[PDB]
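Chemist: Spelled out, the chains give:
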Amino acid sequence: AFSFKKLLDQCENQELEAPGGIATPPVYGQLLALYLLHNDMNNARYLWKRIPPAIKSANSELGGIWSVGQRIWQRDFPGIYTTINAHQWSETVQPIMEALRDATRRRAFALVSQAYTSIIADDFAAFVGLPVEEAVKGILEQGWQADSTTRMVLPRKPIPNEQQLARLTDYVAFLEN
Amino acid sequence: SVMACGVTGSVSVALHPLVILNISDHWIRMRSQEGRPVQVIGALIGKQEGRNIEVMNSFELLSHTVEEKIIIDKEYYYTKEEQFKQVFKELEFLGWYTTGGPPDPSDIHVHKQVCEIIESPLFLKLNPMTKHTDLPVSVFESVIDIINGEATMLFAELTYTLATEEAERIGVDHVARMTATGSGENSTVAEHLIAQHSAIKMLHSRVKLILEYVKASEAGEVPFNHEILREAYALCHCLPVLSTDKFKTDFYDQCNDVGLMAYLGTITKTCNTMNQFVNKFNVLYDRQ
Amino acid sequence: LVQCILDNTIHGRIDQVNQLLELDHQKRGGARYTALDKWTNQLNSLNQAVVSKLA
Amino acid sequence: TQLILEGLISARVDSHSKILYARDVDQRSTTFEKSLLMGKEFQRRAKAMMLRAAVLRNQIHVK
Amino acid sequence: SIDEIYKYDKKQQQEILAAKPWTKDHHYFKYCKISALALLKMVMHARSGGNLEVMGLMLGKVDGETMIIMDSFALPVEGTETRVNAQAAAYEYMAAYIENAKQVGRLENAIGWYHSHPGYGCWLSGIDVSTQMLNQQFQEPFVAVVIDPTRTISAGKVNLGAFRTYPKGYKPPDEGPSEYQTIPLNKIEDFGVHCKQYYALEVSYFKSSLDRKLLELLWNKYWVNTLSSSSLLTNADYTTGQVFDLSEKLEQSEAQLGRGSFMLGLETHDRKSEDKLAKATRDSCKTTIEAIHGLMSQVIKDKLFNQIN
Amino acid sequence: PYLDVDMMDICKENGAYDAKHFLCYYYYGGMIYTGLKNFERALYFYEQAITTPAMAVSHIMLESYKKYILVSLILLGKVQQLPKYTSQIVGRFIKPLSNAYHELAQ
Amino acid sequence: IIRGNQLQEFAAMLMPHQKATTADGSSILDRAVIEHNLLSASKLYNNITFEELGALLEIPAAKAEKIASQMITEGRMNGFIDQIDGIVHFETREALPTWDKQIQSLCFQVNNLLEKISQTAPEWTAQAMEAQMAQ
Amino acid sequence: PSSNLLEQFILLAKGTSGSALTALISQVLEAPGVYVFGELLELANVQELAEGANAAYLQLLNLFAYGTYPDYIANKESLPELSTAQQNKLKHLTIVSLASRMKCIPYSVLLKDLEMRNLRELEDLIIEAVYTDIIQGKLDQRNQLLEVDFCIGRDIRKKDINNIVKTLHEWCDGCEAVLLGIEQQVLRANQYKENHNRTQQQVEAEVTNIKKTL
Amino acid sequence: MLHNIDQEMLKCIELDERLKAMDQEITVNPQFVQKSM
Ligand SMILES: [Zn+2]
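Chains as they are written, first to last, in the authors' numbering: chain P, 10 to 167, 191 to 209; chain A, 29 to 316; chain W, 389 to 443; chain L, 441 to 503; chain X, 24 to 332; chain V, 160 to 265; chain E, 272 to 406; chain Y, 7 to 220; chain H, 372 to 408.
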């Protein structure tokens, strides 16, 4: 995460300092995939609109990443997972693509835990993009409740003294003057 | 040596904050008038009931230095006594006060004159140049001891208390609250923090005494003072006052409430500065 | 019970589903925060109006 | 629902079991929320008035 | 220099008394500085036996627009003023005290009079207005100080109101503090009738040596126990009353400001309305800093005792 | 970064600072904030742009007013009333002009 | 807390039965015993259930709740009764009064200890004076 | 009168011992009032018993001084059989240790650490302990918690002294840290006052310079 | 929430300091001084 943020900052700086005004295709791909990782859909869409069509035509991987981003925008998790695992990502894109996969998994897990008191097993499996039974065992080891008769899943929803004293002193000093 | 050894207090002395304030005012004004902290001399008045002496008020006496001796204007003292008779009669003369450190061979003569005036005078000395946290006020009585075959008057320290009323308590508490406030605002939290600093120091000194006693008991002393060290250990086990979710709930509840009140106070101060800025700006360039 | 609550004699309310009478204990004894909040908003809006008019 | 929209009923409609629950909100939670909103608005208006002094001290206007 | 104010310059006082700058301006004297000694003595006299109506003289000096009170003392009152005024054997006592002080050191002369108002507020009644007007005739300057012993318990603190009268016929140009005080039904009538015939001075206490002495003594003997809960301010009658009073003061300020926008060229309104805004803000700030100090002592002690180790 | 900071000192540009630049800056900043889904700051910038005292009509000003209407509809669900701190002929001529956005708001 | 064994001697003493002219109100002896038992419960028990309170008082839960309500009505026992859960909340001193008294008791016990060492061991006081003078 | 009886037993132990000393220990453990046994442990005759053949009574006394009820239950064979008073006193000591360690005692801990099968018996023992001025506190039956405001301490002769010294040192270090923190804040307040003062004479100097200019 | 309140504080304190700085700058203006003198 922290390394990904540093890489995103470096790529943004490189884009801002591009000599000919056009960054290398690896930099653009890293920028787009890292924007997808942080769920920053607006920035990813604007960057895709900024990219000239020449790069898109010469690099179908960029088009695949944009299709994955569009799937993320529509939030169709089964389609998102299918599209991510369908296109081969280069050595500079595969690890960050898997990080995006993990982030999507965690996001869907949290959304199901929060919004869904009860959810169908098939619906949960589609949301997590994983088969039903091992998802059931994974949520059972997660301390959740599952009903086998109705195939319903019941998720379980889950300043130091020095800083204070400095704030208290700033209370008096502001009011002292 | 003008101090008696092995002599215990025979009477109980009660002192009021008014006497301390009068002594302080006399010392401060005499310092301001004549440079160095010139020694002051005054008199003590109040009510005496048998062996219970209550010093409620104090006033000043005129003194002159002749032949390197302080001569109290006892005629002035009697004139002012009759003057006080016109305002308060229940108050009777009890003794005299002065400022300084340990008794000097000049206060003995003054106390001799005051004992020549009345039956049993009280001697009080205040130390305005003290450095410890204790009260620099001591009350001494007149005792006659046979030193080298000659009767020499000595001073015996009295274990005096400090008595006050509800009225004086409230008034002095108000004056303390005023001293919290500064000129515009000279020092407001400084006195507050020193006030808690003294309280923590008082408790810190008590902990040192207990810690030293345990260390001595480990080597010598009584191997076990019984109910004391047993209880001392119990108070080290009661030291971590266990807090539950509700207490931290309420503690954070109180902090947020007044913290919001503190935020409101800052906003009120800020808008007044903005209002002053707007008023000055409307005259700087703007018309109407 | 309904008649008593209508007469303001009872500081409580009725849960008919469970055959229940729940009384508001009102043990907080506050309502000072309500006065503080009204004082806060009225004068801050007063300050905003004054600043806008003076500028 | 219409009465709640207009007011003077102070209620919540639990349409699951069809039970009408009265609303009794704590004053402090509402007070803190709107006090924070006031402070944000006060800061925003502080910025705006602060901005206004810029165009007048530096004589900024449409010619 | 903390002790500089204690220096008495007789020639300088004579020069000021010969100059009489107060004759050039009826609002000349604006500040009243009171020694911790004089405050304590006047509050102690005022408290006396519960709620006694008593009075005395104040010794001090003048410095620019500031009146300085250094000391105070009382006068004999046989049979609780059985004669006219609270004086009886007053002249004799006063002169004796003056000469005695001149000898023992005190060279400060009469600067004013103080008296107490047990549980009715700090203000000047018709009698006190006439007294301070006569105190503006003889003894050119003079200031009327009013104390509240029963409000030192009720309000908890209470200020020692310092006042000066306007000469007969003279109108305050615009002076309007709009300060609210709770006055009993049998006293509010007279209060409202003579309230504009005088003005209030700003009372201030130079951080000297007598003041910090008392603060130490109390917090080293009686207030040495800094527990007592931590907030007697929790009882929401004093803060809430100050909060409600602050709300009313600014509400009236807006009502005057709204009506003052139609009148173009009313300078008096501007000064007074801004004066109200300033005074109201300070009252809130002083209340705010008091509560902040309350929690600061709370936090340091509470954090220590509970989870030190 | 540089838009999240309040910049309360306008430069005269030695008298060459035309308030057209002020209007352009506020309109473009509001558009940028709208692009980043920061509707509150976009609405604030649009409101500040509207309140600029101008004696003539400009297309940038009209577009700022229209975007203000759109952002007010998005965020608060209604058109926020223009302050009595006010402006000049700007509002007087815009209100007739931007009638379609007022119909959309209605 | 009062058991049923002190009843006999007091009843014998009263008026070879009960004081005044008998009692027959379940004995005034037992009325006072139950009242003082509920007082002692209010001293310790922050809250109590109906069955456990009845077992403590050796009476049916209905009798216990009725007597508790009667005592609360007369102002002799503070608290309130919830009939759903069967829990009578005798006393709840928020969080500040409980904390203040504990600190005050802690400080008082510190002062009691310090006095005990000074009195029972004057040599410690001499050692304390020597220790404070050395540092 | 517990202290006087304990002192009398101490004086007697300086002389008669052996079988008589075991009888005295049994009387101590059976007589109510003695909540502290550190006075007896330091007597030289206790050490004589330590080198003496008899050790069951000495182990019982050692467990009463340091151990708790579960230790006695585990040592039910090596210790002399207790009476009702001895068992009640040991349970009181265990509750005292629990309260001293942690103030709000859940009922589960009380049932587990004291072999309490019936909660009514637990209530009876708790009220008996409180009424004999051993522990002061309040009971929360709805939450099944035992809030203890104050409790007595235990014996300290051999190994707890180091913990006490460590606890005292931590308290001393904590007090010094707060004292240093208060001093730093006071210095900061003085600096703010100086900065506020420094801003002041600059204004008057700015004012006076213009007055001289005009 | 306490941290957020303290964060708004530091913005207000800095805002007040900037307001005071301008007010001092206003006092430097001769026009205010000419009316004052
Ligand atoms: Zn009067």
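What the hints contain is simulated information worked out from the structure, not anything from laboratory work. All C-beta atoms in this analysis are idealised placements derived from N, C-alpha and C, irrespective of residue type, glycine included. One thing to keep in mind: the hints can contain errors.
[Said to hold, decoys possible] Here are the in silico distance ranges between beta carbons for each label pair:
(1) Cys378(E) with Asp179(Y): 17 to 27 Å
(2) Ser469(L) with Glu198(X): 40 to 50 Å
(3) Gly288(X) with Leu193(Y): 32 to 42 Å
(4) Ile393(W) with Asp49(P): 18 to 28 Å
(5) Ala494(L) with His218(V): 22 to 32 Å
(6) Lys171(V) with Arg416(W): 51 to 61 Å
(7) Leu195(V) with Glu198(X): 47 to 57 Å
(8) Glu182(Y) with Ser177(X): 34 to 44 Å
(9) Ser177(X) with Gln390(E): 42 to 52 Å
(10) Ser177(X) with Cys378(E): 41 to 51 Å
(11) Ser311(E) with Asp77(Y): 43 to 53 Å
(12) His218(V) with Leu460(L): 25 to 35 Å
[Said to hold, decoys possible] Now the stretches of chain A that chain Y is said to cover, found in silico as 3 or more residues with beta-carbon under 8 Å:
(13) 96-105
(14) 114-124
(15) 142-148
(16) 237-246
Chemist: Now, for every hint given, state plainly whether the structure supports it.
Modeler: Hint-by-hint comparison with the structure:
{"no.": "1", "hint": "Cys378(E) with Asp179(Y): 17 to 27 Å", "verdict": "holds (21 Å)"}
{"no.": "2", "hint": "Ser469(L) with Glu198(X): 40 to 50 Å", "verdict": "holds (45 Å)"}
{"no.": "3", "hint": "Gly288(X) with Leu193(Y): 32 to 42 Å", "verdict": "violated (53 Å)"}
{"no.": "4", "hint": "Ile393(W) with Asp49(P): 18 to 28 Å", "verdict": "violated (55 Å)"}
{"no.": "5", "hint": "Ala494(L) with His218(V): 22 to 32 Å", "verdict": "holds (25 Å)"}
{"no.": "6", "hint": "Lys171(V) with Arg416(W): 51 to 61 Å", "verdict": "holds (59 Å)"}
{"no.": "7", "hint": "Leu195(V) with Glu198(X): 47 to 57 Å", "verdict": "holds (55 Å)"}
{"no.": "8", "hint": "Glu182(Y) with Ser177(X): 34 to 44 Å", "verdict": "holds (42 Å)"}
{"no.": "9", "hint": "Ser177(X) with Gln390(E): 42 to 52 Å", "verdict": "holds (44 Å)"}
{"no.": "10", "hint": "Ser177(X) with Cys378(E): 41 to 51 Å", "verdict": "violated (30 Å)"}
{"no.": "11", "hint": "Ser311(E) with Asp77(Y): 43 to 53 Å", "verdict": "violated (32 Å)"}
{"no.": "12", "hint": "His218(V) with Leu460(L): 25 to 35 Å", "verdict": "violated (53 Å)"}
{"no.": "13", "hint": "96-105", "verdict": "violated (count 0)"}
{"no.": "14", "hint": "114-124", "verdict": "violated (count 0)"}
{"no.": "15", "hint": "142-148", "verdict": "violated (count 0)"}
{"no.": "16", "hint": "237-246", "verdict": "holds (count 5)"}
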